[PDB]
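Student: The residues making up each chain are set out below.
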Amino acid sequence: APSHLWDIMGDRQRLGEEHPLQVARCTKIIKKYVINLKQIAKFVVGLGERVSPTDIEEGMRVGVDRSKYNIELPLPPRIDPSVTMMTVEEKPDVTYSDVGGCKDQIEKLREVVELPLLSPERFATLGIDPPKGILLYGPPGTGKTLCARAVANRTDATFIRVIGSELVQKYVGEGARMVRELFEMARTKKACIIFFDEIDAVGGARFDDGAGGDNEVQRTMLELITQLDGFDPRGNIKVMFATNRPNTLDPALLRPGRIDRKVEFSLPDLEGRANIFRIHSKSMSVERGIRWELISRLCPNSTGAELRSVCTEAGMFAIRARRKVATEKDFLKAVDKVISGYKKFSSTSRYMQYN
Amino acid sequence: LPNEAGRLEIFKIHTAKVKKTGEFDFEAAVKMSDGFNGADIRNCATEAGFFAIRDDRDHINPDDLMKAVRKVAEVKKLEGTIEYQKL
Amino acid sequence: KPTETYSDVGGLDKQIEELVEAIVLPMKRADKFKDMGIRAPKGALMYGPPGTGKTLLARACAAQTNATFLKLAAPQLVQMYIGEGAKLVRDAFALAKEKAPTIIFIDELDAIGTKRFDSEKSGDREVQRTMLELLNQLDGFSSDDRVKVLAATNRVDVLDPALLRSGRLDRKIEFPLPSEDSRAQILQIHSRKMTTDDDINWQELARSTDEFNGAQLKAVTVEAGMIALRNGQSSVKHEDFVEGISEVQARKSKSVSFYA
Amino acid sequence: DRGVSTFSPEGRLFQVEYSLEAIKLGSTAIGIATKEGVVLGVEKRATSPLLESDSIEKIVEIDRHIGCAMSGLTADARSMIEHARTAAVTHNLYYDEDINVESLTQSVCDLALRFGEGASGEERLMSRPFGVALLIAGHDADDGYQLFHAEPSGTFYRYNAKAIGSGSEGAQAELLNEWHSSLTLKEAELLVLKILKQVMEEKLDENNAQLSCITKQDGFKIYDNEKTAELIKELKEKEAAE
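Chains as they are written, first to last, in the UniProt record's numbering: chain X, 77 to 107, 144 to 467; chain B, 351 to 437; chain S, 175 to 434; chain D, 9 to 250.
Bear in mind the hints are in silico, worked out from the structure with no lab data behind them.
One should not assume that every hint holds.
Claimed, not checked - Quick list of in silico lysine to any residue cross-link-like pairs, SDA-like style, CA-CA up to 20 Å:
{"#": "1", "chain 1": "X", "residue 1": "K374", "chain 2": "S", "residue 2": "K271"}
{"#": "2", "chain 1": "B", "residue 1": "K370", "chain 2": "B", "residue 2": "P352"}
{"#": "3", "chain 1": "S", "residue 1": "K295", "chain 2": "X", "residue 2": "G324"}
{"#": "4", "chain 1": "S", "residue 1": "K367", "chain 2": "S", "residue 2": "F315"}
{"#": "5", "chain 1": "X", "residue 1": "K455", "chain 2": "D", "residue 2": "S176"}
{"#": "6", "chain 1": "X", "residue 1": "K215", "chain 2": "S", "residue 2": "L403"}
{"#": "7", "chain 1": "X", "residue 1": "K104", "chain 2": "S", "residue 2": "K202"}
{"#": "8", "chain 1": "X", "residue 1": "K220", "chain 2": "S", "residue 2": "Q253"}
{"#": "9", "chain 1": "S", "residue 1": "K202", "chain 2": "B", "residue 2": "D405"}
{"#": "10", "chain 1": "S", "residue 1": "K261", "chain 2": "S", "residue 2": "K202"}
{"#": "11", "chain 1": "S", "residue 1": "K208", "chain 2": "B", "residue 2": "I363"}
{"#": "12", "chain 1": "B", "residue 1": "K427", "chain 2": "X", "residue 2": "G324"}
{"#": "13", "chain 1": "B", "residue 1": "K381", "chain 2": "B", "residue 2": "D405"}
{"#": "14", "chain 1": "S", "residue 1": "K428", "chain 2": "D", "residue 2": "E209"}
{"#": "15", "chain 1": "X", "residue 1": "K455", "chain 2": "D", "residue 2": "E209"}
Stated by the list, open to error - On the chain B side, residues computed to face chain S include the following (Cβ under 10 Å):
{"#": "16", "residue": "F376"}
{"#": "17", "residue": "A398"}
{"#": "18", "residue": "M416"}
{"#": "19", "residue": "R420"}
We put the CB at the ideal spot given by N, CA and C, even for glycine.
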């Protein structure tokens with residue numbers, strides 16, 4: 077629709093030659145600027161008309177004119193990162209209250225992450241150092257990522273999603289570049305959150321012999337550790353490591369200096385599993401007078417994934433058994449279905465812990 | 351690895367331009383390090399300079415020269431034993 | 175130069191004096207080595223548990239020299255473009271020409287090296303390329319004892335046996351776990367920025383800490399402040415340090431049989 | 009291998025550590041040790057009405073005054089039962105007196121704490137670690153009524169109230185509260201049936217539930233199907249008022 081609202085300006089910013097600049101990176105600063149083109153060509157230029165002497169810095173993309181090379185406008189550094197530009201999300205789904213029950217996992221994470229971001233002056237009175245990293249592993253199916261997304265909602269800032277399979281690329285040595293792409297945006301965008309997903313595919317100690325082609329995996333963590341704690345302790349944002357195989361990780365990865373607060377998820381007890389059915393009681397259909405504490409007692413200790421499956425499957429009996437809403441009789445049938453019927457695999461139940 | 355007579359000629363090489371004392375050891379340096387290194391002697395020449403600084407002496411103590419050779423035994427710990435590269 | 179000095183560390187003087195004889199004394203005493211003809215050590219090997227102060231100790235020595243510092247990571251030497259990583263080591267010592275008294279630091283020396291001949295996969299060779307540059311450059315115009323490099327690695331188990339020579343790395347500096355008096359001075363420095371009642375005796379806490387590295391000691395003062403923060407305490411007492419150190423980890427919470 | 013000859017670098021073992029899984033997957037066995045005698049009960053877990061519950065037994069009588077509760081694999085446990093009966097009678101051969109229940113349990117564990125085949129200085133009767141666990145009860149003239157737990161891995165312990173099997177973790181929390189030193193014989197029998205019915209999904213009757221008691225006067229008495237059903241009716245009268 078706005079066809080004529082633009083071309084009116086097409087006789088100034090377009091017909092004239094200003095914008096068509098050749099993107100290139102500056103190397104040495106003599107205060144003579146040595147700049148290397150993307151075509152692999154080097155030259156020397158000076159300042160521009162509107163160019164300030166303090167704007168040009170070492171290792172930064174600087175657009176230069178194609179005909180007569182001169183500095184006109186500076187460009188943001190690191191134009192090469194591409195995939196990491198899609199890792200930024202906004203307005204997640206799971207809220208802070210979506211986690212079933214109030215336990216130690218919620219209170220310990222909000223103090224080391226949400227507290228220093230919302231109240232930076234609280235810990236400044238005692239003059240202490242808030243923990244940079246955290247630890248969440250636990251058994252699978254417990255809603256580990258559900259608790260991690262509850263923190264991103266209260267933060268209201270940039271959330272960086274990092275998949276463990278993203279570190280390994282299709283080129284040897286590219287994995288080291290993917291690590292620096294994550295920490296470069298930490299300085300550009302302050303007070304953000306980065307989250308690792310399934311670091312077991314990368315993080316670990318494989319020693320030497322037995323493969324011969326697997327040395328590409330261990331070189332990613334050695335760069336990740338350097339980018340985390342290097343010769344210069346550079347860091348701002350909090351770091352979250354999450355994987356389902358804690359025993360196969362790097363034995364140095366669990367040491368202090370990166371992760372401080374260690375919180376391991378546990379199987380909810382009768383009091384813990386009771387709130388799981390209560391937070392789901394507001395949804396679906398619950399008959400008046402049904403006590404969910406008796407349903408959770410018949411169910412033994414298991415992961416939270418099977419707990420939410422009870423309320424979901426309970427609504428499925430009303431269609432086959434010819435029922436209006438979910439009754440207590442259909443709840444007992446879900447015990448023999450969600451639990452007793454699925455006792456063949458489809459569960460962890462102290463399966464993967466060490467081996 | 352040189353033999354017992356081959357190493358003896360090398361100690362005079364590193365101690366030639368380096369200022370020494372006329373008591374500088376001859377054949378005992380070979381007997382001090384056996385099987386630990388037996389290859390790179392120049393490590394011993396660097397370590398011998400630190401013992402003379404603590405005693406405030408420009409010349410190297412012949413006893414400190416033997417102590418520098420003994421120190422090299424624990425310096426490497428790199429394994430690297432070669433019986434397989436003959437062929 | 176960095177902002178770290180020797181005053182911020184304590185109890186490591188046994189390992190510090192080994193660093194003073196590498197990049198510190200041979201630089202100022204070079205006039206003595208030229209008259210004596212003794213070649214300064216080309217470098218120093220650093221290993222141990224990863225939670226030590228090897229990053230802090232090497233940082234405290236760089237500021238006292240007041241010279242140009244160069245940081246080069248070993249995993250950064252491998253790139254998808256062939257020859258780009260080979261030019262990194264080649265251009266790293268090229269800056270040691272224009273500026274002769276410089277300092278080069280290599281983190282995670284075990285990151286670059288291997289054998290990989292006999293067994294399957296025929297190796298990689300996208301790594302050892304930049305490793306041959308470390309052997310060739312240090313045997314080239316370098317090794318004037320102004321090129322001294324600080325080599326920091328984790329363990330000694332997996333490494334190229336050809337990395338150690340009188341022209342590359344001489345003094346092998348072991349970093350064991352700090353002792354009683356060594357941990358007492360480290361824990362006291364990290365608590366200087368906190369607020370306490372001055373009733374804490376670190377001699378008892380030094381014995382409460384059993385075989386902890388430099389990183390495990392820093393986490394003590396971090397958790398000690400978190401205990402008084404959640405309880406609403408105005409100061410950190412001695413009981414907060416004992417409670418902060420105690421945690422499961424280890425083998426505790428055993429589902430295993432036997433015991434008895 | 010990862011067997012008894014391969015010791016784990018973390019300070020543990022493989023084959024025997026996994027043997028606790030067979031215990032956790034076994035039948036629910038509940039018992040309470042009081043001053044009026046120990047009341048033991050198990051769940052026979054009838055899988056079909058054609059199963060004859062009188063022929064199968066998860067509660068075996070070792071001695072007149074000493075009995076056990078078998079929850080687990082019956083095969084691996086029966087070898088210990090034959091050794092338990094032999095050791096209990098062998099002690100009466102050299103002594104002819106009432107033996108301590110802890111001493112009898114130790115004698116059963118003497119064979120049960122050794123496994124393997126190749127040994128330099130001793131013979132090996134067993135072979136592989138067993139994944140079955142029993143609850144041994146009895147009475148003597150010294151410490152009175154005692155209740156134990158048979159662990160083939162480590163040394164046995166004396167438990168006043170112990171639950172094993174599929175309902176081990178479920179019934180363990182209930183034994184830390186309702187248990188008391190003043191519980192009588194009638195209160196102990198009604199408490200076991202109340203806890204066993206909650207951890208059991210099926211209905212409570214004489215077919216899937218069999219209980220026994222160890223006293224001084226009557227020794228070890230097995231509750232028949234007639235008396236067990238009467239104890240269930242007494243539980244229904246207590247639950248009706250509550």
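Student: Could you run down the list of hints and mark each one as holding or not?
Tutor: Tested hints:
1. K374/X - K271/S: At roughly 48 Å apart (the allowed maximum being 20 Å), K271/S and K374/X break the hint.
2. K370/B - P352/B: violated, 24 Å
3. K295/S - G324/X: Roughly 6 Å separates the two Cα atoms, so the pair holds.
4. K367/S - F315/S: violated, 47 Å
5. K455/X - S176/D: holds, 18 Å
6. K215/X - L403/S: holds, 19 Å
7. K104/X - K202/S: violated, 30 Å
8. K220/X - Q253/S: Given pair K220/X, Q253/S is violated - Cα atoms ~40 Å apart, limit 20 Å.
9. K202/S - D405/B: Given pair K202/S, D405/B holds - Cα atoms ~18 Å apart, limit 20 Å.
10. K261/S - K202/S: violated, 31 Å
11. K208/S - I363/B: With a Cα-Cα distance of about 17 Å, the restraint between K208/S and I363/B holds, given a limit of 20 Å.
12. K427/B - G324/X: violated, 24 Å
13. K381/B - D405/B: At roughly 26 Å apart (the allowed maximum being 20 Å), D405/B and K381/B break the hint.
14. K428/S - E209/D: violated, 30 Å
15. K455/X - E209/D: Cα-Cα ~15 Å, so holds.
16. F376: Nearest chain S Cβ about 19 Å off; hint violated.
17. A398: Interface hint status for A398/B: holds (7 Å vs cutoff 10 Å).
18. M416: Since chain S brings no Cβ nearer than about 16 Å to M416/B, farther than 10 Å, the hint is violated.
19. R420: Check failed: Cβ of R420/B comes no nearer than 14 Å to chain S, outside 10 Å.
Of the hints listed earlier, those the structure fails to meet are numbers 1, 2, 4, 7, 8, 10, 12, 13, 14, 16, 18 and 19, in rising order.
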